[PDB]
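As you look at this complex, bear in mind that one protein chain is not there, while each of the others sits in place.
All chains are identified by letter, namely A and B, in their written order; residue positions are counted from 1 within each chain.
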Amino acid sequence: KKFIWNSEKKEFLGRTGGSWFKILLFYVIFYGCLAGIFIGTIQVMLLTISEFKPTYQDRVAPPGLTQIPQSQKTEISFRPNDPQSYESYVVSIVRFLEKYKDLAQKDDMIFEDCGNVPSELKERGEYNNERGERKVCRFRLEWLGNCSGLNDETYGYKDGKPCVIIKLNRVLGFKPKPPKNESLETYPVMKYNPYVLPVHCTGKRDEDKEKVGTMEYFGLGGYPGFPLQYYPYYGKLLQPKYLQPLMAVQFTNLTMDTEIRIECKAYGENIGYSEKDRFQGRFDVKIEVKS
Amino acid sequence: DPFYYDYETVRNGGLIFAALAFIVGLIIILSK
Partner (left out) sequence: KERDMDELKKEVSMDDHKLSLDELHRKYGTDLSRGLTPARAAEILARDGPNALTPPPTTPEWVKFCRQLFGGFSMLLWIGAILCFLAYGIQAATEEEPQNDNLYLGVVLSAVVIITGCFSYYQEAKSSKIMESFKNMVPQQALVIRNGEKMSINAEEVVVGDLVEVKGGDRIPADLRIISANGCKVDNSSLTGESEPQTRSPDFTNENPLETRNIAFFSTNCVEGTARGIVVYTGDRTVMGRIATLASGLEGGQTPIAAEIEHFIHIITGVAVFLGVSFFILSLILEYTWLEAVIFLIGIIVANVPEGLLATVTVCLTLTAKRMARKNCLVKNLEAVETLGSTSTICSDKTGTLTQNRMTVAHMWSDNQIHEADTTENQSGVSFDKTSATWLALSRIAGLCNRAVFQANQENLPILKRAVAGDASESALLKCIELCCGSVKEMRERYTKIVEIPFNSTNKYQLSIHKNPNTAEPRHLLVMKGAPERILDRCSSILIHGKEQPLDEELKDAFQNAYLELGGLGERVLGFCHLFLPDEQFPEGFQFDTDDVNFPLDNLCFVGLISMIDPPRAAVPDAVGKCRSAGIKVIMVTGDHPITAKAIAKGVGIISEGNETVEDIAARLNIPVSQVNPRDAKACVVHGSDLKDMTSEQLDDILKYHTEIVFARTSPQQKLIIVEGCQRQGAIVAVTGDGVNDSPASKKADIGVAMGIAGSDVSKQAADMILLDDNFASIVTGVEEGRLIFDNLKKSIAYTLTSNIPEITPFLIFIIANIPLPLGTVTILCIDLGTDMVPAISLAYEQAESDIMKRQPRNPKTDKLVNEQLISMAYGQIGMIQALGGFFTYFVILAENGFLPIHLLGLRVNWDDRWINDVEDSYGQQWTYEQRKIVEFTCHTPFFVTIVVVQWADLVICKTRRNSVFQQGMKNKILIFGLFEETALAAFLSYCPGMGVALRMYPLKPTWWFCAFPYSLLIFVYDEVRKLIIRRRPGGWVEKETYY
């Protein structure tokens, strides 16, 4: 009963040729209409959103805090001797900082020298297209001391006492607000509380806080944070080739051959946290320089 | 700030809708 393939009375795979043509033509017209309808509605949807601002921005309320070595488990395990053990790290650091070289930021028509001192926020009008393509403040690698160097094509980084720079999640129209001068016990930090978003790293428990001996922060002019002169963001369409602020963190006194946990928590009023997302506001890393 | 959404009001409205639609359906299947 399963050899209905053909017969001398014209049937193929179950039906005739003229029926195959009728059904195929119907399905093509039907699905063509369905595609046109879906496309028209998706076009109306495209007409309900603008090009300079996302309609809903509440799902990114607390900005994240990422690092340069995007580890498979936020763990930095390598050997201070073997150069191939830490190749995966250095490769990502060089590729990340490849857009911050002095040669990359050479056009004066799209780059603006912010300054050697963190200043107030820079609002370049409204988010419309009435103005031309906004300028992006420059950020030379020299600001991250001891984690930039004047190395060749391969940034000879730190084998012993590694470097891990932190970055604030780029958000459109987000205006960072550092904590008030009434700091509720924020782990010794400089007195430059008004024009920089503080970020302080620490251990996680009584063990990690003891294993991690000394940490050295590097930033714009020497402050452990992000300068307000680089915010807010005006979208990729209006500000292409934008360079968000960077801040490096080096762990000098580490206990070699021991996996220790570090939590770099960014402080501020407009900076939220989440017990479910360990990256919203805060940031975790498991460093282990096994010799 | 545009980084805030009154989710409690929408959530409350959705729960009231779910309650009313269910009690209305119950009245529908209880024709008396």
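The rule we apply is simple: a contact is a pair of C-beta atoms (placed from the backbone, for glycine too) under 8 Å apart; a residue touches a chain by one contact, two chains touch by 3 or more.
Colleague: Need the list of shown chains touched by the one chain that isn't shown.
Modeller: A, B
Colleague: From the list A:60, A:141 or A:190, which touches the chain that is not on show?
Modeller: Spelled out, the listed residue whose C-beta touches the missing chain is A:60.
Colleague: Decide which residue listed in A:100, A:217, A:231 or A:233 touches the omitted chain of the complex.
Modeller: Considering the complete complex, A:233 is the one touching the chain left out.
Colleague: Considering the complete complex, identify which of A:46, A:103, A:109 or A:184 is in touch with the unshown chain.
Modeller: Of all options in A:46, A:103, A:109 or A:184, contact with the hidden chain holds for A:46.
Colleague: Using the document's contact rule, name the residues of chain A that touch the chain not shown here.
Modeller: Residues of chain A in contact with the hidden chain: 14, 22-23, 26-27, 30-31, 34, 37-38, 41-42, 45-46, 48-49, 53-57, 59-60, 63-64, 66, 70-74, 167, 169-172, 233, 235-237, 239, 242, 274, 276-277, 279-280.
Colleague: Which residues does chain B use to touch the chain missing from this display?
Modeller: Interface residues of chain B facing the absent chain: 5, 7, 10-15, 17-22, 24-26, 28-29, 31.
Keep this in mind: only the chains that are shown with their structure count from here on.
Colleague: Using mean CA coordinates as chain centres, what's the gap between chain A and chain B in Å?
Modeller: 38
Colleague: Which bits of chain B are touching chain A when the two form their complex?
Modeller: 1-5
Colleague: Which bits of chain A are touching chain B when the two form their complex?
Modeller: Where chain A meets chain B, its residues are 56-58, 60-61, 171, 173-174, 270.
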